[PDB]
Amino acid sequence: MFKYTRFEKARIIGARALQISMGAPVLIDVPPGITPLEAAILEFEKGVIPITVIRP
Amino acid sequence: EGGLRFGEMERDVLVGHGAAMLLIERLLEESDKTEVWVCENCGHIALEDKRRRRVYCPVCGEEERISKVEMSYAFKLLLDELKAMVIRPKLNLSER
Amino acid sequence: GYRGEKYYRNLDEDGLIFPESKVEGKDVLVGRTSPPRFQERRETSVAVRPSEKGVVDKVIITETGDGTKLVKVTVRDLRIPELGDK
Amino acid sequence: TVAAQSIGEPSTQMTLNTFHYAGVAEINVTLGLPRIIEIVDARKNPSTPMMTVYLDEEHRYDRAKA
Amino acid sequence: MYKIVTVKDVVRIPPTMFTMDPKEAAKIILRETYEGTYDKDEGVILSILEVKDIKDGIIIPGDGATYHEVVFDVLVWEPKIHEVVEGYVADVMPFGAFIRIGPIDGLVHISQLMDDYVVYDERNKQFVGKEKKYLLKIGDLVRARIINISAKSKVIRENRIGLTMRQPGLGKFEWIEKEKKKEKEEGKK
Amino acid sequence: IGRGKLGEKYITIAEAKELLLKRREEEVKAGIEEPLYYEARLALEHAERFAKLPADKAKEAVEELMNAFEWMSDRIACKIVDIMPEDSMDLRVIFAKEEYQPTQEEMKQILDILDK
Amino acid sequence: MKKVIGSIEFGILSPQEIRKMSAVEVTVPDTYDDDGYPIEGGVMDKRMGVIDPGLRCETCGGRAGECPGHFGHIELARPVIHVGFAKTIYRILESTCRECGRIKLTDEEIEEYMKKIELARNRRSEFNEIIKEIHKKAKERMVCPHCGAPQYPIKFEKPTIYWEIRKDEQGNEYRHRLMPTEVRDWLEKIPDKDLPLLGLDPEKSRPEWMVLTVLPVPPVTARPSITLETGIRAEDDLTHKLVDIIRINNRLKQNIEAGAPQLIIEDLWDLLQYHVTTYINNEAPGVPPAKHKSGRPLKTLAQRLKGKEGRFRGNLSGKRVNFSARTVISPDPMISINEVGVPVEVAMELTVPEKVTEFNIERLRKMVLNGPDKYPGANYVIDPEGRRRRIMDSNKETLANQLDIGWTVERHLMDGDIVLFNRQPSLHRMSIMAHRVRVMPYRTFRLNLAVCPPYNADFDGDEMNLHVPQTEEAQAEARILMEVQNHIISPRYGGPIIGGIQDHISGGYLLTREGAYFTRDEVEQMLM
Amino acid sequence: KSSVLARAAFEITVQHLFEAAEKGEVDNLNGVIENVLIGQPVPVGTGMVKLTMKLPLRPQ
Ligand SMILES: [Mg+2]
Ligand SMILES: [Zn+2]
Ligand SMILES: [Zn+2]
Ligand SMILES: [Zn+2]
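Residue numbers (our numbering), protein chains in the order written: chain A, 1 to 56; chain B, 1 to 96; chain C, 1 to 86; chain D, 1 to 66; chain E, 1 to 189; chain F, 1 to 116; chain G, 1 to 528; chain H, 1 to 60.
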């Protein structure tokens, strides 16, 4: 997006990790044995993010 | 087998970092989880009936609207202690 | 309140631990049952502290001032220096 | 919270007991922790009220006029 | 009595259904929650027909699922007092006949059955006619006014409906035919 | 029902028998053991007990009842279409269901429309 | 589908609300019977709840934990004055009139005060200033504007005593001792239109309610009883105070019914008022604190809330926490600055719940197979239904096979996990940071030496606490916001804080000093 | 501070509680301390971020 503050990045990664843990599929191939959180960081770094942030 | 103390200073530190959900997890989630029903016009703690399988307001006599709210055991006890005196805390409910 | 069978494993039939036996934590040293008065019997044994360990050194049987029984047990533990010792 | 901690953490470092000696050409003033506490609590009158009077264009360069 | 209403609400879509279209998942969830339940102010919720449109989702902290506000319509059988209901009678019981008034079954008291002295069968167990020998059969429908609405809880089977039969224009179709014949005789004379 | 009410529509039981049939076909093609869930086939029997009125023609009778006279509400037309009060005394009976009893020439035109 | 508390409106209670709220009237001044079995109508009545195992309450039933506790009530024989509202009662009495109960204010003054009080009513300080001005103007008056009656001056005593100087012969103005009954009659006649001028709303604060008629009894869970060594069942001080109130007001009712000389009735009234005063506030000024058997003042409701160890602070603000450990710290320069050496023993105890997904089924299955005694293992397994099982050598293989998508495994700590590392006291923000885990054999936390200046720690016996977040959002916040390398620059002065100390600087000087030269082997060895 | 609970937590709890009861004040819970007491997210840092997402996620 335009620019992601620290809090917004943390929130997005946390939400994606929770969704992945609860059963959501991963849209990026990942190495075996990774925790859901690190899968979320890999997904964010790849740039594919499905969660947008609402600004006032 | 006691637990370590997470005092007020640690609370201010965690606020300063800006980690709200971490604060929630360290404070409430792992200690004193609670659920409470409250009527939507008095705010008094609604009294559930295990015999009749129906929640109701004893003070208010209400059953049309009763909601279930998560809270801490300490806060529930503080409300009870305030009601021990003549202090009446009226709870206004809202939906997220 | 009867804990695991392995906890009372080195007590003699009188209810006292054998000297020079090995304890490792939560192990019963003196087996004692209290009356159910707050057809049962409450378990009120005296056990090692949960995080400690050692060997039983001596067991003393005395008659206290009131005329009842009193038992004192000491557990010794070897402490070789390690990381963190001051 | 960051500002409060930034003001409070160094507070464990200043000497609550200052020099307490004006010496020569000076006036003793509360320093360190007590001065900061007095400033923050906004006491109606400070412990050592000391003023600073800068001279006008005249009498400034002249010691006698000073 | 059958009626359809349009209601807005918010639906919690679990992450497991994140790969299907929002409308179908919302329909499934709504079918799960708002169905087979009697509303105190509306009646018995029967079926979600279709969700008109779905908005975006909100990630509430601590949950991980998306909450979408939605508008949809549902058909509901709504009881109302003082109305005629043409239901299948059944399960006649020495205090009241049980009329299948829809998803819920309604009760017709033994006294309400007939203007004549209160009568109900014991061996045959449907209806003994003391004076007018007007009989009711389980396989026969009757039309009856309402005297009371029982609105107890969300569940349906707890509640009931009180229907009267004494009032004119209501009865077994045979009794209705007899009353119509009497009216024709009176109007021809 | 949840927050917010956005209107209502009063529909004849013959206007929902086909909706129940849609549920019927949907669930059987879905392979569900029950053709439709509880409290629904019990309503289906009631629907089919007087399902003889065509749904589309039922709605035509409704709209003719609206355009016939202005004191008409779709629930009233619904019940008249359901029960066919071809007898005048019966129509007085439904008139008693209403708060007031209007002109009986209007009942003549309800008899006219009921012949659809 | 859950709701949240959006706002709270504080108000004063009412006797009718007390009567409706309570489920039992406690008349018997007894706590317990033989072999338990609480006395019906006693201070430990099962109607208010159940605390001990094996019994059910009556209002809601269920186990001791299931019962939330329910309120009782005690109907006092004669009204008494609440301690907290004593000063407010005094101000109201010395401001309002005695006959009509109206404020001693003129109509136009009332109008102008109405206009200004609503204007900018948000700020509390100006509101209190207006209240004080109105109180002073009301007090300065002598004759009530509405009725020509002499408002005699009223005096207040610290232990909630009011004795106004009622008119005496020759205008001596004898100090008639006011009783709570006549004060109640005074307050009830006050109208509601001018209530806002007195700083009181007409809905949740009625001046009549300010004087007690029936007081509630805290639930049994709120007043727990702890069994002593010999099963004394030593209850909370609240229970003892309640027993005292019940006995005193019982005897007061008896002597009221008997119609004894009213002097004894007044004495019992004073005793009951003092007892209620101690119950509401044991430290209230002007009364002797009620000590226990060993000469210790009882900790009543007022002291329970206040204090460092009181309810408000130290109990909701801070509390003991789960999933935490504490041990001494030893240096280790061979790990990265964002890592902490964790003893293998701590890792076996602290756990991180992990949900079984497609990409980590193999590792979780293997670690479940490892059991709870080998290091890379697990302790508990949570099935999708919700019930929690414990890993044991008898059911290791079966549990490992039953593992599938949706299950939860409480695994041991692993390398790369994120934890919270804290040192007390926590002066600034950097006192808590997030380090990655690296398991080590011995029994002390290992911390990189360049990270000492933030924690302000020295390896001379210091101890530090470690916290393990359990939820995914908490882990993400710890990983993104509180990583060690993110806090190299201090927020106090904008300069570095995590830098070299001591040997780092000295060795740098030794290495880059003039005349220093190194051979081939030294160069290769130090570079490697 | 407008919040009653925030002031009570700091100092002089009982007097502030009784004064608020007399005045019938309302606490809107817009601070850190009250939200901490009730166990709801504080309105700073990550507690102020609002997120939305499109449901029809395509795994790709
Ligand atoms: Mg040190
Ligand atoms: Zn209520
Ligand atoms: Zn209970
Ligand atoms: Zn007057």
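Some hints here could point you the wrong way.
Computed, partial: chain E to chain F, Cβ under 7 angstroms [to be verified]:
id, residue
1, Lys-3
2, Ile-4
3, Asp-9
4, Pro-15
5, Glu-32
6, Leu-75
7, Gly-169
8, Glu-185
9, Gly-187
Here are the simulated SDA-like cross-link-like pairs (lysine to any residue), alpha carbons at most 20 angstroms apart as the crow flies [unchecked claim]:
id, chain 1, residue 1, chain 2, residue 2
10, H, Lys-23, G, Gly-461
11, F, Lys-29, F, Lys-59
12, C, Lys-86, G, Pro-196
13, E, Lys-132, E, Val-118
No wet-lab data here; the hints were simulated from the structure.
All residues carry an ideal CB built from backbone N, CA and C; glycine is no exception.
Hints and how they fare:
1. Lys-3: Holds - the Cβ of E/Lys-3 comes within 7 angstroms of chain F, reaching about 5 angstroms at its closest.
2. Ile-4: Since chain F brings a Cβ to about 5 angstroms from E/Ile-4, closer than 7 angstroms, the hint holds.
3. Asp-9: 4 angstroms, holds
4. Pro-15: With a minimum Cβ separation of about 22 angstroms from chain F (threshold 7 angstroms), the hint on E/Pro-15 is violated.
5. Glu-32: 11 angstroms, violated
6. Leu-75: 5 angstroms, holds
7. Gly-169: Holds, about 4 angstroms.
8. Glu-185: 13 angstroms, violated
9. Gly-187: 9 angstroms, violated
10. H/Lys-23 / G/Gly-461: Violated, because 53 angstroms separates the two Cα atoms, which is more than 20 angstroms.
11. F/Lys-29 / F/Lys-59: 29 angstroms, violated
12. C/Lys-86 / G/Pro-196: Answer violated: C/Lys-86 to G/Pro-196 is near 68 angstroms, above 20 angstroms.
13. E/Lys-132 / E/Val-118: 12 angstroms, holds
In terms of the numbered hints stated before, the structure departs from hints 4, 5, 8, 9, 10, 11, 12, listed from lowest to highest.
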